[PDB]
Amino acid sequence: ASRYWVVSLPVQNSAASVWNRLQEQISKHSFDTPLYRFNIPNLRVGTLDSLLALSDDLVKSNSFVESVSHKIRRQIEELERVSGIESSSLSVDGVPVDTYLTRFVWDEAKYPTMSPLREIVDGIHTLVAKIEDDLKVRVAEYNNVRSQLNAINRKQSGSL
Amino acid sequence: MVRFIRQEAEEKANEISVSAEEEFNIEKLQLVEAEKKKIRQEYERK
Amino acid sequence: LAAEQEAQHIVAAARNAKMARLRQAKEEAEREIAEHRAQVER
Amino acid sequence: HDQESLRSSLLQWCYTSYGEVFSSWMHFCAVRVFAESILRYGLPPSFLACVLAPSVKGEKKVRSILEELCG
Amino acid sequence: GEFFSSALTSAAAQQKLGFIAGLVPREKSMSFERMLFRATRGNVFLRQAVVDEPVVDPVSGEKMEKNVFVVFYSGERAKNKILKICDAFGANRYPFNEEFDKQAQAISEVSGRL
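Listed in order, the protein sequences are those of chains A, B, C, D and E.
Its first residue numbered 2, the first sequence is counted upward by one per residue in full-length UniProt numbering.
Its first residue numbered 13, the second sequence is counted upward by one per residue in full-length UniProt numbering.
Its first residue numbered 14, the third sequence is counted upward by one per residue in full-length UniProt numbering.
Its first residue numbered 269, the fourth sequence is counted upward by one per residue in full-length UniProt numbering.
Residue numbering for the fifth sequence is 147 to 161, 193 to 291, as defined by full-length UniProt numbering.
Don't read these hints as lab results, they were simulated from the structure.
Watch out, some of these pointers could steer you wrong.
[Unchecked claim] Just so you have them, the derived chain D footprint on chain A, three or more residues with Cβ under 8 angstroms: (1) 6–16; (2) 21–32; (3) 58–70; (4) 122–131.
[Said to hold, decoys possible] In silico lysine to any residue, SDA-like type, Cα no more than 25 angstroms apart, as pairs: (5) D:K328 / E:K240; (6) E:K261 / E:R290; (7) B:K24 / E:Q161; (8) B:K24 / D:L307; (9) E:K240 / E:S288.
The C-beta atom is built at its ideal place from N, Cα and C for all residues, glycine as well.
Sequences are here, hints too, so could you generate the full structure?
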């Protein structure tokens with residue numbers, strides 16, 4: 002599949018024509034750039050030490066996201082019958098890739114707690130790990146089924 | 013920068029103090045419950 | 014600097030003054046206990 | 269036949285879990301927006317970046333625009 | 147001790194923080210700014226020398242352009258990476274007292290011992 006491709010810029014460092022022009026009316030329209038975003042801040046933020054800890058844990062979070070992406074792109078596609086879930090069917094946070102990447106509404110109470118995210122990030126990471134574990138269980142079931150496949154019928158067709 | 017760190021330190025100190033005060037109130041409720049129990053015991057003895 | 018003043022005695026003052034809230038809780042507990050004792054004695 | 273069904277029905281549940289993982293990745297990107305905001309700005313979460321999969325030319329133009337905060 | 151009046155003023159102008198006292202060679206300017214962006218975050222202040230004289234290594238008298246510097250750490254979590262950055266600098270690094278007079282006295286005592 003596709004790895005992470007999000008840009009990095011705070012509110013005070015918008016690259017558009019105006020500070021609020023990042024969402025729309027930016028020069029990216031002239032260049033046909035598909036960039037889109039919508040603010041969704043948390044209830045509160047941690048201290049400087051908490052910020053540094055979150056930055057350190059972001060590496061592990063990205064590694065887990067990459068592992069989940071690799072599992073989803075490999076196990077489903079290799080079966081030649083599981084890749085039928087399109088972007089709308091596999092919509093992120095209930096919105097397709099057109100709208101999922103244009104907003105951060107996934108920060109609601111489902112994976113995080115809509116609260117200081119120092120531990121909410123870890124909780125969401127644990128939830129994603131559980132989802133990836135379920136996907137791995139499904140992949141193991143598919144492997145056992147393939148073991149059931151290529152059964153005694155794989156031998157000769159008789160008189161051999 | 014530093015002002016944001018100032019707010020976080022004050023907010024953490026304020027929340028900790030409020031939690032400590034609530035815990036002290038709960039401890040006081042338990043203490044008055046124990047005092048009422050022992051007062052009932054001594055009244056029954058009398 | 015400003016951060017040093019923020020982490021200075023400004024917060025430790027409230028941390029120590031939490032003992033005042035604890036003392037108020039103890040005082041109200043004692044008052045309630047004394048009132049209950051007076052009522053039961055009466 | 270059971271293996272084919274699992275690749276079509278149980279693996280349909282696997283694809284649903286993949287969509288859930290995509291939702292989790294969207295949440296991770298939302299968290300990373302605030303992480304970048306804290307890293308290169310004040311503590312409160314506030315970001316004006318964007319997330320997409322653009323071409324090389326578009327990314328180069330975005331980098332040229334944002335060179336005021338280059339890495 | 148020189149930073150006790152320079153780095154302190156820089157931090158006051160830019161404003193709990195850690196002490197990043199130590200050293201950073203004349204070639205460590207890029208690593209102090211281009212690198213360690215996650216930890217410093219641009220809100221910290223630092224005072225550094227240009228290695229005006231060849232500073233002897235902590236275990237070698239051959240010396241080099243090992244300028245010494247003192248900075249502010251953005252908390253212990255960021256100080257963990259700041260210590261690694263200072264170790265990567267590999268100059269004549271040694272912590273000193275916060276007070277300018279005490280730091281100068283420590284420098285004089287170390288020079289006399291040397």
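The hints, checked one at a time:
no.: 1; hint: 6–16; verdict: holds (count 11)
no.: 2; hint: 21–32; verdict: holds (count 5)
no.: 3; hint: 58–70; verdict: holds (count 6)
no.: 4; hint: 122–131; verdict: holds (count 5)
no.: 5; hint: D:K328 / E:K240; verdict: violated (44 angstroms)
no.: 6; hint: E:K261 / E:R290; verdict: violated (28 angstroms)
no.: 7; hint: B:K24 / E:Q161; verdict: holds (20 angstroms)
no.: 8; hint: B:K24 / D:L307; verdict: holds (21 angstroms)
no.: 9; hint: E:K240 / E:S288; verdict: holds (15 angstroms)
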